[PDB]
Amino acid sequence: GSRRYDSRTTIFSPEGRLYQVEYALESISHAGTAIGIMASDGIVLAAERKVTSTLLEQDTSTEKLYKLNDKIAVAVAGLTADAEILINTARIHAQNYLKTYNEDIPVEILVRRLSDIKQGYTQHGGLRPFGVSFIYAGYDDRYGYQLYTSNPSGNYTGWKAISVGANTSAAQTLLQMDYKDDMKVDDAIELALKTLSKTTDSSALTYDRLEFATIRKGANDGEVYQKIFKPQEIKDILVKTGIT
Amino acid sequence: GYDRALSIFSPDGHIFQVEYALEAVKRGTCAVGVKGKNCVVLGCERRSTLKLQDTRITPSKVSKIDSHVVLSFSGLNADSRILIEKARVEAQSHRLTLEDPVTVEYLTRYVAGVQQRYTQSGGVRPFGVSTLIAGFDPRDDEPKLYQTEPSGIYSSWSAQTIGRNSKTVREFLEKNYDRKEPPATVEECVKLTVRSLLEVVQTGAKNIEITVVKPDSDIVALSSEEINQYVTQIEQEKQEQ
Amino acid sequence: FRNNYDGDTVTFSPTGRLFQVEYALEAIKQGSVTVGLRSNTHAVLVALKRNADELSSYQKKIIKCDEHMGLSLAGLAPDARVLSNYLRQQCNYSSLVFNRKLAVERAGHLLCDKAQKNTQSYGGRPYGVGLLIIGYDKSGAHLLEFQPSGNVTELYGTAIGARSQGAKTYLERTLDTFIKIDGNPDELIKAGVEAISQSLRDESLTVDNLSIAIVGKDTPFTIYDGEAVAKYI
Amino acid sequence: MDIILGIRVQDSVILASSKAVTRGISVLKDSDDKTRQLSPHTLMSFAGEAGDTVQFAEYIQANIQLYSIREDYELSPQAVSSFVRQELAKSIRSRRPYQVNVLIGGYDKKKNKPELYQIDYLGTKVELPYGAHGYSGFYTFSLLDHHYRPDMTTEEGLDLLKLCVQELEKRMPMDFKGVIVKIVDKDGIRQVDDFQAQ
Amino acid sequence: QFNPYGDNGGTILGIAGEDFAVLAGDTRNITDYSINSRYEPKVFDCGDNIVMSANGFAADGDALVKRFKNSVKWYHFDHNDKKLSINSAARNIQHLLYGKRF
Amino acid sequence: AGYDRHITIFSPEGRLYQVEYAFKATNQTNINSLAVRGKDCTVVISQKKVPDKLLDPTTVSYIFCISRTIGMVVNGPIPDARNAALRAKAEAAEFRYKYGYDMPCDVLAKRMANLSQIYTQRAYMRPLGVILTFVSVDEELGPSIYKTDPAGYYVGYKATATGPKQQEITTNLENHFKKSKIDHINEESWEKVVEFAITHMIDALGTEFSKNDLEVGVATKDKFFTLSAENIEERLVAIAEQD
Amino acid sequence: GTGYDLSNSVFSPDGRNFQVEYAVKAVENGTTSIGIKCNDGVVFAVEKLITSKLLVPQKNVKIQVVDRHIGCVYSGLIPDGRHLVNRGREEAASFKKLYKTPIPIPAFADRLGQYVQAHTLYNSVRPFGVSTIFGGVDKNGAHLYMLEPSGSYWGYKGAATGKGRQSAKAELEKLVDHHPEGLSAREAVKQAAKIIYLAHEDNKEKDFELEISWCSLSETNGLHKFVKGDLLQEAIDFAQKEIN
Amino acid sequence: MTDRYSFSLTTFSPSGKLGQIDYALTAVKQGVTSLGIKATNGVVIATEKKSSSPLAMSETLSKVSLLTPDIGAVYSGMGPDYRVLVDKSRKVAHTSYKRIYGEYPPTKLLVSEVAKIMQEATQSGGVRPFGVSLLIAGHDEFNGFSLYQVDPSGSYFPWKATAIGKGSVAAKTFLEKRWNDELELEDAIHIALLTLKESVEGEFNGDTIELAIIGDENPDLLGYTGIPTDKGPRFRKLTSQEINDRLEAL
Amino acid sequence: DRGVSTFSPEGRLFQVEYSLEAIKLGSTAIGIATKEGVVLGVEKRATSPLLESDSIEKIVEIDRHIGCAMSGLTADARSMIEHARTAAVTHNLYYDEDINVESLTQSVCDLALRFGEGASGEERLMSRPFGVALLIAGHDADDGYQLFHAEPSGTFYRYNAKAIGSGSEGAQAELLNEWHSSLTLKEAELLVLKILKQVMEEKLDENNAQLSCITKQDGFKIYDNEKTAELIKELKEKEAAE
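Just so you know, the sequences run in chain order P, Q, S, X, Z, U, T, O and R.
Read in order, the letters of the first sequence are residues 4 to 63, 63A, 64 to 144, 14A, 145 to 200, 202 to 204, 20A to 20B, 205 to 216, 21A to 21B, 217 to 218, 21C to 21D, 219, 21E, 220 to 239 in the entry's author numbering.
Read in order, the letters of the second sequence are residues 7 to 62, 62A, 63 to 143, 14A, 144, 14B, 145 to 180, 18A to 18D, 182 to 203, 206 to 243 in the entry's author numbering.
Read in order, the letters of the third sequence are residues 4 to 60, 63 to 180, 18A to 18F, 183 to 204, 206 to 207, 2B to 2E, 210 to 233 in the entry's author numbering.
Read in order, the letters of the fourth sequence are residues -1, 1 to 90, 90A to 90B, 91 to 105, 10A to 10C, 106 to 181, 183 to 193 in the entry's author numbering.
Read in order, the letters of the fifth sequence are residues -9 to -1, 1 to 70, 70A, 71 to 92 in the entry's author numbering.
Read in order, the letters of the sixth sequence are residues 6 to 34, 34A, 35 to 143, 14A, 144 to 179, 17A to 17E, 18A to 18D, 184, 18G to 18H, 18M, 186 to 218, 220 to 240 in the entry's author numbering.
Read in order, the letters of the seventh sequence are residues 5 to 180, 18A to 18F, 184 to 199, 201 to 206, 20B to 20C, 207 to 218, 21A to 21C, 219 to 241 in the entry's author numbering.
Read in order, the letters of the eighth sequence are residues 4 to 102, 10A, 103 to 147, 14A, 148 to 200, 202 to 209, 20A, 210 to 217, 21A to 21B, 21D to 21P, 218 to 236 in the entry's author numbering.
Read in order, the letters of the ninth sequence are residues 9 to 123, 12A to 12G, 125 to 144, 14A, 145 to 180, 18C to 18E, 184 to 202, 205 to 209, 20A to 20B, 210 to 233, 235 to 244 in the entry's author numbering.
Possibly wrong hints are sitting among the right ones.
Among chain T residues calculated to face chain P with C-beta under 8 Å, some are [said to hold, decoys possible]:
no., residue
1, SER11
2, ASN127
3, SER128
By construction, these hints were calculated from the structure, which means they are not laboratory data.
Positions of the beta carbon are idealized from the N, C-alpha and C atoms, including for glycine.
All chains should be modelled from the sequences, with the hints used to inform the complete structure.
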């Protein structure tokens, strides 16, 4: 019957590797680079828009930075379609936690759930895994600013600075070179743009090819603020940092 | 819907998916457990393929199932989560129905079953995980240490290790652990564990975490220093010769 | 060739054959010989029981399905248990609901249709056992031969299993004689033992090695083993 | 019904619960503890239908404990109570609803403040200085409405209960066989073993 | 409204001797003040030397005996025509009945 | 890898071979058919070839009455043809029941086309090797011709042909229309439109027909019916007394 | 490429379904069976090979009745044949239950056809390994039909399938020509027995047993019945005579 | 029977590619050209009606479809796939939005819904991706006018102007030159007709071209009067006549 | 690949056959029945000196009058034992009597063939056959002491003595000669202990081997090391005696 056409997406290799997870990663490696840098007073998310054009509308566009919560956001690397499916279930999960406990969902709790969903497509179902890798940037009163990462496998880890997508090896090296524990948000913001600027496959790192977001505790308040930069805001920050 | 028999027999009487599951374990970071005369200790190494993480939030390797029992593992991380959850759930359920927390053997038998079950059910692959479960039965001071594997097999050990280079550290333990006289001290027991890991961790006080379990839900994870210290007192032992 | 069309029963070979069924059919030939024959008053089953070691037992070959019906198997023991159990239910159902003894001809039709279901639908496997059914109903004594292909046939006598062709020729030769052994069970049984012995080779039929069953006019289906069959060796 | 009282003083919450367990014509027990510890700093008292009462309490307990192990953290009293309300709210529209009323007393180690939550079988939740389920209210609500201060000490509070328990032994028709008292504070939960004459 | 139950009267009796036992019953079956039959057997031989009678509502009584007899038949199939001891029969009848507890 | 030719999944060229092979099966019957639109009628002609002497010719047909108003002619193997006809009949009855009015030709065609589209996307369903031509005199659209294929495609036509020699019939018709400049046969009676239909079938195929070589269906305002061997003959004699 | 003959619902490059064609092979290898449509009913006949003297004569009836007015005979895999009849009986029962009137033969034919055609739509099923001759008398006279593993079926004057289908068809075509005014049930019975005897040549190896049944308005009152006793022997004689 | 195809038919190759999606895209390339242009006061979408027979009546087949009264779609690739997609799209706009909020969904969201449907046919068991790419053009009160493109992968992006299908590379280039953020609808319609011309081989008239726009509200097309806040649909399909009159000043 | 319930051209079920192979790799297990009771013996086979040998359970109790030994992929036997115990206890609840040893066996065997990806017969849910054999030993009033060999095939046999596992073919050969209808429980214990020694790579002691028996009087008991060790000794002496 059907057995003949079954790819068997959930099996071990003789080495004990998960073919599809490996291949999914292989796919991610060709996606626009996304970087997450965590500072003492905030977190930074930066991503390079893959495929752009004169005609591509950018004010309306979003393909790498999605707001999950009021204190959580993710940077995407891979299949946007696949990412949205997961993103929406994540937004729902956060709201449920809120309804059940009357408290905003702790960042890691949201990340473990999403990672679990992925992990599933790895052990049963005969379906393909999601070709997506997320960089999570969020804040809660138990661990303050946190930066996480999850991929097709369903595994996640915490980071001070991390990149996903293309040229991660290069990007990782450069971050490992200039990241310092005592960094400040604006410091991180610059390190971020610089790294991309150095790994970019393009000629110049123009604003029309970037998406930017920061989670800073607006001092004049006492609460945390999520901000996804608009085309012009990215264009500005791009000049100041010295990339014009 | 999907129910394809993924784990089946081959001519020589082998179940490759289960065996390949073990290969995933062999590739996992090392884990070890040694039981003293009044405590059990669990040690795990931390990979270094990438270093710039945030150890505060990155999930550690030794997990608490209940207040008197912990479980460590070697293999796929995503997989271990599903087992740890099921175990924690069963733990609370057992307390609720038997009005008594699980014995280490019971908890082990449970986890082992879940693993076995995933080796003869359609539509699923075995857990690329192998575990070490330890603690003290309710109102009992005799330390317990068990190990489970993808096949669903389990048994107790005086000391055991799983993961990469486990062959090595087992050797060290076989010619360094005397059942006749187990590490009578939490300190000397935690030392033997760090020693065994040093055979494979290749100097990494930041790549070695320890957890000491004592009778009556007394579970505590040591800090880099507490650990770093054992690393120190041990490296001298060598030089002094 | 064949190798490309024998992976399941939902595939026809270029010549219209169903190999999975044929392979199943083979399991029977590899099984221990058993014979069946009937007069107008009785129906008899004789089977050669096979053992593993000499420290082992001799696997039973005859199963009772109701007071008026029973069978002997050749092939996969489990499948015979499954099928005979299904035949027990059908006999039982016929009694409970209609207060009627299930006709042997009907039992046969049921088995056929049950077997057929595992030869046209993906996932199922044919049954790997042959069955000889005897019974006494409202039209008298009967003997049926059931094959995993679903083909069920009514005969005067027959045999299935290894070296079975021996006995089958004997019966095909004795026909006119045994079919008239009415009102004399011990004679039909003897004719049955003489038939089965034509398929012997290794050894000769002993007491804990022979198995005989009989059903008839005023004879509820009963199995004989051990010393019970001594008087026929 | 059973006596379920709760009063939140300065730095703690005190729960008093009748000890009698009566079935029809006979009092079967006089030492029943109508309480369950959900977490080290969260205690829940309950009253209601014969079976549902404990079944629900233990069910809630199991879940809160599971959350604790999984997160290696203790949910705030507010969060615990919100979980409990959701559970009862579901129950009210189920095939067979839990007929249970509860008081949740906990110490929020974060805000560093004691909290008292009243929740009925319908999923009605309210936070109060003091509360009660059943008839007890009809007597105590005005006693406390009278002699109650926000800054009272745990000692003053226990005296306020003594006042309430007395009125209840005076005017209530049934013999609830006294109460078992418990205090939840920054240091956890403890029982006032000496109230049968305090 | 529909009443699934009826009463066919009848009376049964059982007495045990040292090496024997008896089960007796009248043979009258009724409905209200009318007689349905002056002879409708109510006590049955179920084999293995077991005699039984389920008195009361005939439809149910017959269903039970039928179900028990069938139980005996399978007891033989499953355990080589092994005799079903009376005590075992009793435990079996209990499960047949409690099975329809509601 | 080489299974992108056994089930309805894409080939590297972005093609669906199983759908292409389905089209191939539609010619198995080696029968052609054409439909034309009258002033207020619709006619479908189809060849009929019953060479076996043991067959009851009356039970052989590729023309179906889906409803009082919808008629359907099929090009392809009879078993798939009947599977399709039955479904369409059910689809037509159900539609009337739910929406309270008779299902329109084009709508039924759309619904069937969609059904075909699914076999194109779902792996366990195979396409049907048939091309369906639906005709009627819609109460809103007038004479109508809608045809669907194993690809899930469909569209309306002024006239149309299907079968092994589809091309000959088509270009023949294309010509007649390039001439007339109108999108239909300007004829009041259906008998004359039937005659026109059969005439051009002969011209394009270069073959003469006897009453047993054709099958004819006619759709009028509130009724679709097929002709008898004699209804045909009479119509055939007519074309004869013109040549 | 190739291998278009391993899965059932698969279309070969030239638009065929080999699995169905292979089914036909099982049919052609089966016993020969026929159907003759007389002028007020239908007659069914079939070849029963005597594989051995051990087969109780007359005791393994092949022809089957559906309802009370329909007859069915098939060549090929017998079990498949029974399976199809069981479906037919259900279908006939369902039809009568709702419309009251016993199922018209033309309606019954399509019921079987749709069902069989269904077994050529999925790879999870195997096509039927039988061709079936069936018919009966209804509100509009007699109807004879033959159904192929492809699900194809038509109305026939005479029909044959199996090992000797050619001899039979030859003989049947002859009859058709020598009886333009119809044939009687009584005559069809005789003729049938003969056609079976002749067609037995392509299998003259094993000895056979003839079986005939009929459904005639005047001879059986529209009901299906087996021809036995005197009328049967009489037909055997008429056949045994002309075979010499 | 029973669909035993519960496993994915689209998987990752060792290179990280998802074949079926790639192939689907290929199918889109082979498709007839279609484009979209956003002006400051409207959007236009058009394609060529590649009648597959002179006997076929191209009007009975529309490639430009109204989804909601302010949103239209056009495609390139497999016509039948598109057709069922349009039905699902029209239904989802109701079941997943209008029935909840009593108002039609804004373009980005409806597009988001369609996109999801396509994403699923890329991972669900027993199916193949859709062999089409869509160009959705609509207008909503808080987002104004918009133009979107949805691929077989389920991915979508906003455009000022773009083209898909056969001559997309060429058409895209011709658009990058002529477009500016000051175009009025009529201008876009013109640019549209010019761009389409290059991609068209033979006949080029109001009968071989299909073009609709999202612009002002059409009270005249509402069907009823009496409800102030209901001013008419913004989606309008040009007529054969309207197209030719324009081709004259082309 | 090929269905998990496909027949070979020889009329065998591939998965079942392969199943049998995995069992040949199992640790030895021997059962000997005498009119005084049945003895079950098994090779522990610790894969390391650190493995606490007594946490090796390859001889379990089904009921007080039924015990069993296993060989092959032992983890696969957990559910079999569960089923067996449940069946045993249940029969007692419904019939107020002990389950016949043979029936208990038949029950276990009925699970055997319950595998497949959709076999047309019921709802066989289990992706593969079991990879373990069992020696079920017990006693009942109907047929006294009995020993059964149950395999993943669904079939089972009754033996006077039977050895399964790595050294089976050889040990069975011995049993064929050693066994006689008058053996005593004592004799059977030494016999088992002896044959185990011959086939075991390891030097048979009271830590890598375990004994147990079933007697009408005391039911199923598992000999404790001290007891078995003395039987080991008692054997060395008798052997070294000639």
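Query raised in the report: Which hint numbers does the structure go against, in order from smallest to largest?
Result: Hint check: nothing fails, all pass.
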